[PDB]
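Participant: The residues making up each chain are set out below.
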Amino acid sequence: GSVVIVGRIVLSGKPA
Amino acid sequence: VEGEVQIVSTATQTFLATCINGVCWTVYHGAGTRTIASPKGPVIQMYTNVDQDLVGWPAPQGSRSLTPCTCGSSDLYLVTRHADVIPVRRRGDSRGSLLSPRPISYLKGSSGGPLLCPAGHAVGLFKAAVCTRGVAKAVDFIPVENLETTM
Ligand SMILES: [Zn+2]
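Sequences listed follow chains E and R, in order.
Counting in this note's numbering, the first sequence runs from 1 upward without gaps.
Counting in this note's numbering, the second sequence runs from 1001 upward without gaps.
Errors might be hidden in some of the hints.
[As the list claims (entries may be wrong)] In silico DSS-like pairs for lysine-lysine, Cα to Cα no more than 30 Å straight-line: (1) R:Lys-1108 <-> R:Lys-1137; (2) E:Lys-14 <-> R:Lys-1108; (3) R:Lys-1040 <-> E:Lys-14.
Hints listed in this document are in silico derivations from the structure and should not be mistaken for laboratory results.
Let's have the full structure, built from the sequences with the hints guiding it.
Facilitator: Below, the structure is given as structure tokens:
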């Protein structure tokens, strides 16, 4: 089985 | 918007990975020898160092690399899978003590996460919590110097 990415963290808090 | 830290997940576990110098690094005791998923099929690890509990894949899409710390500071900050920030005074090469101890549950699932110096630069990867009776007071971390040599 593979490691899957379920979310991301942006250290600077930069908004989309 | 790109993130430096990815919340990664196995069938049995969940933990963090941190991108540094273009590699997505995380703890071997979580990933094992697993490939990481991509929209073009599995990608195999670039580095595997079981001695140091360290593995790396190529950094995925949506990611952005952290810069290695070079200011030697001893005032660290651990970022958890909940994006909580925790001040950690550095004791040795791979050891740091929480300025304010937290329940063990508060750090659960964060190994692989970054340890930041005052400049937001990577000092090491969170390796494991050091606990007295369910209360984490210190942490072990893979110093980023190990990452740089492992490359
Ligand atoms: Zn620094």
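Participant: Decide if the proposed pair is consistent with the structure: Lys-14 of chain E and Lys-1108 of chain R, CA atoms, cutoff 30 Å inclusive.
Facilitator: Since the Cα atoms of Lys-14 of chain E and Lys-1108 of chain R sit roughly 25 Å apart, the hinted pair holds (cutoff 30 Å).
Participant: Taken at face value, is the distance from the CA of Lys-1137 of chain R to the CA of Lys-1108 of chain R at most 30 Å?
Facilitator: This hinted pair holds, its Cα atoms lying about 13 Å apart.
Participant: Against the 30 Å threshold, does the CA-CA distance of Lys-1040 of chain R and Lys-14 of chain E hold or violate the hint?
Facilitator: holds, 28 Å
Of the numbered hints listed earlier, not one is contradicted by the structure.
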